[PDB]
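A single protein chain has been omitted; all remaining protein chains appear in their positions.
Should a chain be cited, it is by its letter among A, B, C, D and E, assigned in written order, with residues numbered from 1 in that chain.
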Amino acid sequence: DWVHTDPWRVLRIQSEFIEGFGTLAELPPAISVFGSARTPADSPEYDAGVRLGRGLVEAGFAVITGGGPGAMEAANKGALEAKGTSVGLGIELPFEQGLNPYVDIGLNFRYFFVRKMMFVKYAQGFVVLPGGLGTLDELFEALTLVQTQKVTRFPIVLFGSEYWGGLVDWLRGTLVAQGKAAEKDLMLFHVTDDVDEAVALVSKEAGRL
Amino acid sequence: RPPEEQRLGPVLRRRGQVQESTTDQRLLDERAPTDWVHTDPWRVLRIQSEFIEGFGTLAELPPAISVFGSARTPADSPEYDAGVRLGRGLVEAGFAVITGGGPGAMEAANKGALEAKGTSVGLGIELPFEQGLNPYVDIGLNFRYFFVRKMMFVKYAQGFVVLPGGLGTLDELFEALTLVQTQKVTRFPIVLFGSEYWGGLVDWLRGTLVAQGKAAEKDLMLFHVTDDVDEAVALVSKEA
Amino acid sequence: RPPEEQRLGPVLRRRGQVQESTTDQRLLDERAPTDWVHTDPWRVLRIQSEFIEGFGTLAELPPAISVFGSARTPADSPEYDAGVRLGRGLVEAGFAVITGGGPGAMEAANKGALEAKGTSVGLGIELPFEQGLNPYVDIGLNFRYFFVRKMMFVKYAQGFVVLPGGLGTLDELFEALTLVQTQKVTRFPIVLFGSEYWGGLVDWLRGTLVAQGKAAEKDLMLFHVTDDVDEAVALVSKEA
Amino acid sequence: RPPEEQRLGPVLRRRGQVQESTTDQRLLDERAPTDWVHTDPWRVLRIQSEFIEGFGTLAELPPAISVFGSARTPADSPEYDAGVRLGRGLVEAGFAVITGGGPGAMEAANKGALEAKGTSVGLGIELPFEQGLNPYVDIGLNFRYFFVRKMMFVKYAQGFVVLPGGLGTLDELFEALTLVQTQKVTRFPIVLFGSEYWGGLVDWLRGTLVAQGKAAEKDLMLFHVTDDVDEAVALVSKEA
Amino acid sequence: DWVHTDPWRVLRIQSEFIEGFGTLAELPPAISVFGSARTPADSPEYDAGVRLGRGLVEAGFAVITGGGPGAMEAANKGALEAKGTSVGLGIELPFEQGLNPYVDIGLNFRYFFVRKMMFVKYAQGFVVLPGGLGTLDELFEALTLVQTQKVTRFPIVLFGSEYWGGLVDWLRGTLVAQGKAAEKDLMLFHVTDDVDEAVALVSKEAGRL
Partner (left out) sequence: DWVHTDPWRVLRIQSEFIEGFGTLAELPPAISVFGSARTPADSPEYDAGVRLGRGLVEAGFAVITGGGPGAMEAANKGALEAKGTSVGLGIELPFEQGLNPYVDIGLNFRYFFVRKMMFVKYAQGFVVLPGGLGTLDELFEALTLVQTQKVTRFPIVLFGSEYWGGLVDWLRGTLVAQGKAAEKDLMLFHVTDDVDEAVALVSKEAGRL
């Protein structure tokens, strides 16, 4: 009754921001990592995320994920192995769930847009492992944030040139070519297959503001 | 004559604990350091205010569809004509039309919604260059927080129609998709307009994502691709 | 035994990120610097609290009229007798009586409202000298923010009756007038009592303001001047 | 191209008063000093959030009884068996069962409530050692503010049942008692289980407090002492 | 439904204060200017407001108006000519409206009492050009604020001795004479026909607290 009204909505929304600002205020410099929730632990892609997490911690960063399995877990796990600060920000879903075992500091948000915002405010760059719809979501959000000057010194690194190449050809081939985007917009992200270059690009471009 | 007892709301002050100045005078005279305006706790109050303002101005919106597409689309364009056609289509189906309030395809849809004498919404966003809401916007706001605006596009709509767009348009597209895929939202039709435009994207989604297990084939059923404005409108009214 | 995992609401802390003290202990032991109480962001929370307290205590007020007039009016006075008469008049017409809760004409009206066994409201304001709410106030608050109190006088009333007053009374008078002139408020009768008192003011409004184009002649119809308590009451019940 | 006019919500900026950065960029890039997280004004926002979270998660609770008792009660115990019996008893009477979510007697009652296929609530509290909610808790929260949790035990319940307990249990016991004695709460049955356990306390209340005028004899009627689970349940359903 | 309830009211009201405090926190010393919305641009009264705005800026002040036409516009316009900071605080009304073209920093308030309060908090004095009902409103509010010690060092200058003289005679002749006010209360304001004296009185009496 009262719980489906805008006055109650504002109070719940605002309390999630307070919970996010409070919990994340004193985080060190971070990078948000995204990727497939489905990636199996036996995989090379999984190993890359473990390697990526480890290398981001070595570069001074905390690592933030969605707290789920697959590539998220891999990156959190690597951040732990390296003795870094491992963060997970979950979204409450209809199914039963839980933050992955390698997350040290976590929150759950009910509101999709509050959580989204946390990923960008408390990080200074994004790394994107091969992933699904939710991964594409955050990828393109970051790209429009950078293109519209709502974040600065915000590197966006795509990992896996064969995985992402098809999308990249369509961005150039269709979007840029029809003037939906400019050719300078394609330089807002980088693509690589080497975990050390992913980290170096991010270290060079993020933060120090 | 300075009081021996003060009753200020729920507070009691007697004798030495009575104050020498009035509450109001401290409030209305005192300018102090203003560091606090540039801090996150104050920003949180600002963000909350913007949510409040949004819900207040969109309180009596009827059922709507949120339309997205390129800011750069020329007005002599077939894409642009499709956007007007669609704005009109949606009004006639009983929906309000919500857009980014920009130029191009956004303007096209708002224009169409006015031609059909419907309710035309433009939810703007602050940009680093000069750009006002488009001339066919009727209910207008300019948001300053991106993430506040994102939530208004979903909350007040029952589906998306996505004209051919840039990075901004894909950002919304994939947001609605994951919201529907994760079942945070339900009965939320998503329609893309322009099969030659969207076809290379859909081919990569199938040939790379689905093919490697990152999505399921049934996840590509969460949207429809069409070149027909009257089909797009029908799809949305059926499902919303 | 210090935890390896803490679940504190929506927050998860594991291993090194677990805290060494409890949330409560930091809250209940720690007194820190208290600069913040003297800052505007905190004042904003105080102001909001006072609004909340106001609406809470006036939640079940019936229809009311807000009465104003001099604080200094003597109790043996014909003005004072008129105020009692009017308080009574308004109760009998079905209204609650709202005043500043002061002495003089305010007290007169609250007194009258009690004689008629009605609801008698006194909305006080902090002053630099000792002065409590008057003895005929039944629902009483002492506000500390002027501008919070101003809004309560309009929100809970359907009209003003203005006995002969000082600066404070004119401040409210002209507030209601511009609110009605600008059509921010509607169906809001304003009645002045005392034609010999108010006549020099009305003459200047006509002979200077209206005559030079600052107001319209029809703007002087937004109030009525009377010497008859039973006319004043009738005017208000007709229009409110 | 940096704007000559900015419209950001209700705010207008022209010419020199236009800003050089966007609102969002200041929000999303800037990490500043973070003293504010350790201050009382921010704690107040945290406390409010926890209330909000509580009411949200307990929004559709049916009528409940709040059960208290020792954390240390062994599971092979007659006290423990009584707690299961009682949890079951209350469900069968139409009540939800609310507890501290701990072990011992709390766990006993939650267990019992599940056996009877009812709604089993565990309102936890942060402690300095590792301790999760008990395995028979169904609706679970872990509060970090003691005083927020205290109010949830009363607000969502219509009575207390108090199994033999320690300091924590007496704290709640005497809270409900004074709430009922002062008539801040009404129709709020309080039942103690275990006459050999509670008898020395009741003897002191009579032989010292009542006997010296600190309480009235009728104040000892605000609770009942029983050894019978089916009596305790009946008492509560009669009075709540 | 929910929008006409006190819980929603509190949230809207409070958000207007946040919007006002936020936008005006870093304003320089200011003076609020009031007057007829109807004053025509050809007028001497209009010229006086332009002259007044210019002279307040020269005296170190920002100039705040209601953002409307006539005397408001004149004063804002003068503040611009002088290169000062020109503020306009509007009230949303049933008609269509807009802040005057010479306003540099503006807000619109829905709540009358929030806006009123802004005029006094963010200024240190009032100047009152010949005006109507709304002008009398702010004039008398300031006078009771000063009389009841809710602002201090708050000059109140009335411009136009023939315009305001009638009111002044009635304040003395009727109010003071019947003890509704004291003779010291008449010294809370000043009346003048010279723009330099208006400014000098305000400069001497306002602020420095």
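Rule of thumb we're sticking to: a residue touches a chain if its C-beta (ideal position, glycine included) is under 8 Å from a C-beta of that chain, and two chains touch if they have at least 3 such contacts.
Note on the undisplayed chain: of the listed residues D:81, D:92 or D:175, the one touching it is D:175.
In the full complex, the hidden chain is touched by chain C at residues 22, 24-25, 27-30, 34, 36-37, 42, 45-46, 48-49, 52-53, 56, 59.
Remark: the residues of chain E touching the chain excluded from display are 5-7, 10. Where chain D meets the missing chain, the touching residues are 40-41, 44, 47-48, 51-52, 55, 59, 70, 72, 125, 127-128, 146-148, 150-151, 164-171, 173-175, 177-179, 181-184, 197, 200-201, 203-204, 207-209, 212-215, 219.
One rule holds for everything that comes next: only the chains that are shown with their structure count from here on.
Here the spacing of chain A and chain E, counted between their Cα centres, is 51 Å.
Inter-chain centre distance (chain B to chain D, centres taken as mean C-alpha positions): 39 Å. Counting only residues that touch two or more partner chains, chain C has 9-10, 40-41, 44, 127-128, 146.
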